[PDB]
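First comes one chain, alone, set out as structure tokens in the form solved without the named molecule.
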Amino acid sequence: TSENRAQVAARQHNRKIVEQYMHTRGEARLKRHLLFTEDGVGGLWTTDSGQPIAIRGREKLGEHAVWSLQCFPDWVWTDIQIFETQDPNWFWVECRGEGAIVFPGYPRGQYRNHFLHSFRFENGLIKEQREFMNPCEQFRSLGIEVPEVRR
């Protein structure tokens, strides 16, 4: 019907934003927050602490980009696979990401990981982005030792 039209319009536009998000590099990273809703949330759902580190609101998201550009100066996402779903406001992306890791008083390291990203949209802006990676890989990249599960 007409709901169809809006939902199909929805999907195709939303996809473009996912694409745009995934290809954002360099200083453009400082304006990627403009792709969210005002109230929008982005962050890392897989942490050493077991709680998500979420950043809520387009302005805290812009602020976070400075720290991100500082700590991951050359970060690129590669091997991008975008998954549309039965919900036109929900997408998943499977990819890789690599670049230097510059933590303060840890040595410069090279960080690579496998990531899954969830994007939910509201009115054609990102209402919720979430990323999922294996925190062990980061521990490694910082010269932090990873415990062995002996199965």
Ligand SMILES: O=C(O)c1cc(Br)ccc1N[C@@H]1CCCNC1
Second form
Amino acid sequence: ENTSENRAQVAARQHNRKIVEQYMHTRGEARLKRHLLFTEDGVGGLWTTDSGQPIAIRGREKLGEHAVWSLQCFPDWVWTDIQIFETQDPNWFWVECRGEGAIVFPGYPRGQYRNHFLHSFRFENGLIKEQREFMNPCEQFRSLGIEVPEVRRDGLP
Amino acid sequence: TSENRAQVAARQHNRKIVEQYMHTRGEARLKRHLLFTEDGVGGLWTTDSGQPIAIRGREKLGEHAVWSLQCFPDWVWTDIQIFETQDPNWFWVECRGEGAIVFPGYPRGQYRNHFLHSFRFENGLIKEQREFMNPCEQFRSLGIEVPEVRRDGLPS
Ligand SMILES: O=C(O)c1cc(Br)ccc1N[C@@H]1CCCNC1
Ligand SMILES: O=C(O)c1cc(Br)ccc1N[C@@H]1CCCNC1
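Since we've got the form solved without the named molecule here, give me the form deposited with the named molecule bound too.
Below, the chain from earlier opens the complete complex, with every other chain and molecule after it.
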């Protein structure tokens, strides 16, 4: 129904969505300002690593700093095939996408990195309170020339 | 408008199927394949090989739940959160999962992971289920050495 509360919810959902879209389409130099889409105490980072522990960057300044490292390590990164999922929580979105670009990590040769990604975005007062990325670390190993372990699955149909 | 009332109906029905899927345990896992369409696809989208292990069709889903009940004999999903989307036929689930892993040729272990699941529906049944996790936790549960990525310059 058309109550003012459901209008507020819809309003917020619409503003939050535009922030998700902006985050996902940010490229090149503007990547250095993306930290401004987060709350002061916002957290962003990679939730699927080889260690099994999240790489979580806490706070806007730290996100700012890490965006510099990221521009060096992924100089031409683009997100593609982007699909945004709104949820029953107007402050929570998921995104399913791909990504591609050069990977330049010290200690390895320069490679082409492609992966499939899920992102979680949680909001608070119109800014990102928590962003989390989920991907398959095995595709990153390949991109870096690191040997991928294989599971035998004997007697799988 | 009854378009939105059909949609809301579709969403609430599909959501109960997602709940049932997620809370199925023990022997009832032999019958979960019945929640799928006949042509339905289920499986693991994050593998070491980079290709999905997709199990196509209701009958095959059934047979692969037999294998799965030997490999993961006491598996349970926990800390379940269901996300509805703007599409009444598309849901996401964030959860944990754990239990014994018992694969041929590897030492028995205890597997635990963090999981995302995508469920897409058709006529109130599951047309496509996809699981996404971190394969490195599965390696670890199997005694398989996990390489370490060096991230130099990484700040704090
Ligand atoms: O793209 C950015 O500006 C960026 C900023 C921060 Br801060 C952390 C990582 C970033 N990019 C990586 C590229 C490879 C896939 N994961 C995300
Ligand atoms: O739990 C089931 O009944 C099941 C049925 C099918 Br057919 C395939 C895999 C199954 N379970 C595993 C548990 C370990 C984490 N990924 C999914």
